[PDB]
Structure formats: structure tokens, C-alpha cells
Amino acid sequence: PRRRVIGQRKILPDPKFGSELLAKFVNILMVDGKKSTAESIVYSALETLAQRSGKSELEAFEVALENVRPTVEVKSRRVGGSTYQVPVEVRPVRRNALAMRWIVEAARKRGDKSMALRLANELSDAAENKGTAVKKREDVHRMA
């Protein structure tokens, strides 16, 4: 957008929890438009996360992403005429996506034989501010 700053479109709630954030999560996790595989993975991971965290699995997802959501991040600027880093705050809608993105890549790196398990394990460690998802969040805060 040089001329028209177009508004973002709306995502549809998930048919299992009506949660916009869950739908955004599965859209981020999706690969090659295979939505069904992604929803299977996410529901499996959420339910096992529920088993470890007891009640309120959707809420557990909320607090998991909360424990690793970023507040301040470095941003590049060429106004000086040379590359210039600056610490800037992040809008809530964007830090939601950043947290979701960090979670999914971290899960893929985890391995251990199943995406369902990787996602659940990363979420479970995220719920308690651990699993290296928080560490990646902590390092980009330190870079302020």
C-alpha cells in the first residue's frame, strides 16, 4: 500500500469454539490449503493441552499465547540514510499474529514424531512461560 491503506478482511469463527483466534491459529498452521489436516492437528493439540491443563482448553490456549505475546520489538528505518533500528510497541492484533507464528514454527522445530504433540507440548510450555517460545519473545524484548 503506497496510495490506499486497505483494511484487513474478517476470518470466520471456528466451528468447534466460535473463537476468531482459534481460526486465525489454524489459518497460520495450515499448509498448502489443507485446512482439514490443520483443524485435526489443532483440535488434537488443544484437547491434550486440556488434559494437562484440566478445564477450559480454549482459555488455556488464550493464556498460553498470552505468556509469550510480544510487547516491544526492533523496527528498521532508512530515514537516517543508513539502516537504523528503533524499539517500537506492537498493536494487539499484530502481536496476536506474532505470538501464533512463533508458536507454530517452534512446534515444527520440536519434532518428537508428531505435530499434534509438538503443538501441544509447545503450548503447554508456553502456558507456563517456557519451551523457548518465551525465550525467543524475551530476546526480541532485550533487543529494545
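Positions refer to the first chain, counted from 1. Basically, rigid core = biggest C-alpha set you can superpose within 1.5 Å across the two forms. Compared with the form deposited in another entry:
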The other form holds:
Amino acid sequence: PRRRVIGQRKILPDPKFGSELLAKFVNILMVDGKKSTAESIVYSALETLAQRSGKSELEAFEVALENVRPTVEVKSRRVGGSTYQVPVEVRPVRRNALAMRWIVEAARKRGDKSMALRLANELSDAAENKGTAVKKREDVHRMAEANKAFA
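Having seen the form deposited in one PDB entry, could you now give me the structure of the form deposited in another entry?
Nothing else is written out below except the one chain.
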């Protein structure tokens, strides 16, 4: 991307709920090209949150999303030949992407003898703003606030 900026590839909406957000989620935790293997974990870990953790699975998805979304991120760029940790603003769609990418990384360390159980547990815990996933967002914010001197 040096001459023309192509940008991110467009994606089909999720088959079960017709939502691009959840489709990108299954694309972002799919391993080795195993689409059905991943979405069978996704839909179960959302059904479990539907019945007990909240009232609606699709909206609980968002209430956990914006509960882990970061706002200001240090993207290290040397302006004039000095290591400057300049803080820049994330775009909305990249914000959602970072959020889901962090929530899947949180579910990975959960253990709990399952994958659906981990995803459900951490998606809930993040929706309540008390999850291993939210700490990385506030650490991004900590590192953004430390390096304010370079604005």
C-alpha cells in the first residue's frame, strides 16, 4: 500500500443473525480455515449468554464490545529521527476489530475445560467491565497517557 490504498476486504454478513459484526468475529477466531468449527463455538457461547448472562445474545455482544473498546493508542512513529510514542485515535471499525481481537485473546487463557465456556465467560466478564480483556484496553490507555509529552 504505497501508491493506491486498497483498504480492508469486504465480508459477508453472519449467516445465523445477518450481522457483519458477528461474522467478522467468527472470521477473527477461526483457526486453520475451520469456519464451522469456530462458529459452532461462537453460537453456543452466545446462546448461553442469551439465556442466563443477559436478555439478548446479539446485544450482549455489543455491550461487551464497547466495554472493551479502546480510544487512544500509541503507534510508535519517529517524527524527525527520535523514537516518539505518538498517541493517535482509532477509527470505529478498527476499534471494533481491536475489541474482538482482544476478547478472543482473553478467552484463550481462560481454560475451564472447553472453548464455548471460555468465550461465554470472558464475553460476559468484559460486558460487566471486569474481564482479563478490559485490562489490556486500559493498559493501552495507560501507555497513551504516559506518552502525552509528544503531541
